[PDB]
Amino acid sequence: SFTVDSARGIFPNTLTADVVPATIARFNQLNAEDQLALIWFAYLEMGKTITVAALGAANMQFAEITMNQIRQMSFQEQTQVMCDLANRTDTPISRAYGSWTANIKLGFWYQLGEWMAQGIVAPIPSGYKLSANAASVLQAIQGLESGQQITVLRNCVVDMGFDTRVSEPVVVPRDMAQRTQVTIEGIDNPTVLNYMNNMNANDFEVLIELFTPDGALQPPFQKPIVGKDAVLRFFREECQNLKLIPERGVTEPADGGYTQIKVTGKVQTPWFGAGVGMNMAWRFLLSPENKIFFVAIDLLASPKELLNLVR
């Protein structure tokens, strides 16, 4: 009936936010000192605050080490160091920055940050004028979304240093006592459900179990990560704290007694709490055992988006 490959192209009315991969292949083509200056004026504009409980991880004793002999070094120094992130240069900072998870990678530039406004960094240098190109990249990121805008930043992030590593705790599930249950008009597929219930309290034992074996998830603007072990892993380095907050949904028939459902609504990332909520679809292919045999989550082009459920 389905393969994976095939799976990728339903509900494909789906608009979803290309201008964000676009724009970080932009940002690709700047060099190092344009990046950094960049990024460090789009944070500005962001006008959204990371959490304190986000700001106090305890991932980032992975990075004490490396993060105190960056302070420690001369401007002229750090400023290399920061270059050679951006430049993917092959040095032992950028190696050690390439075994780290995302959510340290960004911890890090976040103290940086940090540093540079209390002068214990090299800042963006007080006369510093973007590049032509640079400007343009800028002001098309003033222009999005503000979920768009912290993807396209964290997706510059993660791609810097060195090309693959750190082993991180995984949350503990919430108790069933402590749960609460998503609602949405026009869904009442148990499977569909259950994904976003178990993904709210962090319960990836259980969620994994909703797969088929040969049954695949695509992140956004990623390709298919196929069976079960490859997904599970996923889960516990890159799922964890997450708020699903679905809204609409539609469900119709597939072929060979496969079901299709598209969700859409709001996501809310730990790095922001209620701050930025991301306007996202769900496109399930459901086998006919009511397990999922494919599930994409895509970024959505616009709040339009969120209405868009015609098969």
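Positions refer to the first chain, counted from 1. If you superpose the two forms and keep the largest set of C-alpha atoms that fall within 1.5 Å, you have the rigid core. Compared with the form deposited in another entry:
The only C-alpha among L55, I245, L30, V250 that moves by 2 Å or more between these two forms, given a superposition on the rigid core, is that of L55. With the core held fixed, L44 shows a CA shift of 2 Å or greater between these two forms.
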The other form holds:
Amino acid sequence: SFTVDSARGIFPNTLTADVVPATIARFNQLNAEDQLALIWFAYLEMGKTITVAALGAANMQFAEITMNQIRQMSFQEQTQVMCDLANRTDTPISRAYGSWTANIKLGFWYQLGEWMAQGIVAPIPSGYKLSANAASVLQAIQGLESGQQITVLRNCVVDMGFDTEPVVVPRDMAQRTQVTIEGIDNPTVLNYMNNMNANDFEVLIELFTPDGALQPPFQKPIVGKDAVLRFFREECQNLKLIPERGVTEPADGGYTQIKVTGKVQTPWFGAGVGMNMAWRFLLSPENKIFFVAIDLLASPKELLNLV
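If the one shown is the form deposited in one PDB entry, what is the structure of the form deposited in another entry?
This part shows the chain on its own.
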């Protein structure tokens, strides 16, 4: 008698990094000039660690034209467009940005940021002073573990713009890895991990029930194979899933609940940031994925919390 909403609560003693959504909500109270300056300052203290590995799959060409338009504007116009994005204003550029996939939005700011650092576009005021609320939000971010810091920054950037085609390459079979998970050998869980690591989403989606759902960290469940597969193709390429250990528990009505913990790397940072993750699966009696939740964990001890 499970529903997606009932499945959401499996393994309730998993401690997620709710400071991430808390800090994002605080950032969302700031004025646009404070938001831009805060991220610029965080960027100046970790921007060298962002890699180009996600750009190649994103298909940036149309967004890069808009990027180049900003390179042609005056100082006043460049500042206006950047505030329009942060304010989520209804402008043509803000609508275009709001329509892009997360990786395209990130690739846009990544390049604008290097251009600012070089003066190819104008940077942010050299003696700029954050408001009191903004300075406190910056302090909070700087105090977070690396994987929580980059999740704050990512969600702050992806949420900009106005609420209004990737190159997906499955890895050659001979170059694919096989995960090991201490305590877990169920092929549905192992091949969830392996097909994710190989970008083989057409095989991956067949592990799901037709009504199956996937819940990304701090987001609502994505329901149905069509929506889940779209999410895979748009946002989930070139991840490195490094599960470590897991536990299996019977559920009502022949269902099985599985918790796996481990680390995940995003191509935006490669091995420079290891994000502590949990995967919570509810498998049907036919051993298909009815529900999987992916959680960013509050601290590294949560990797060892299988009770």
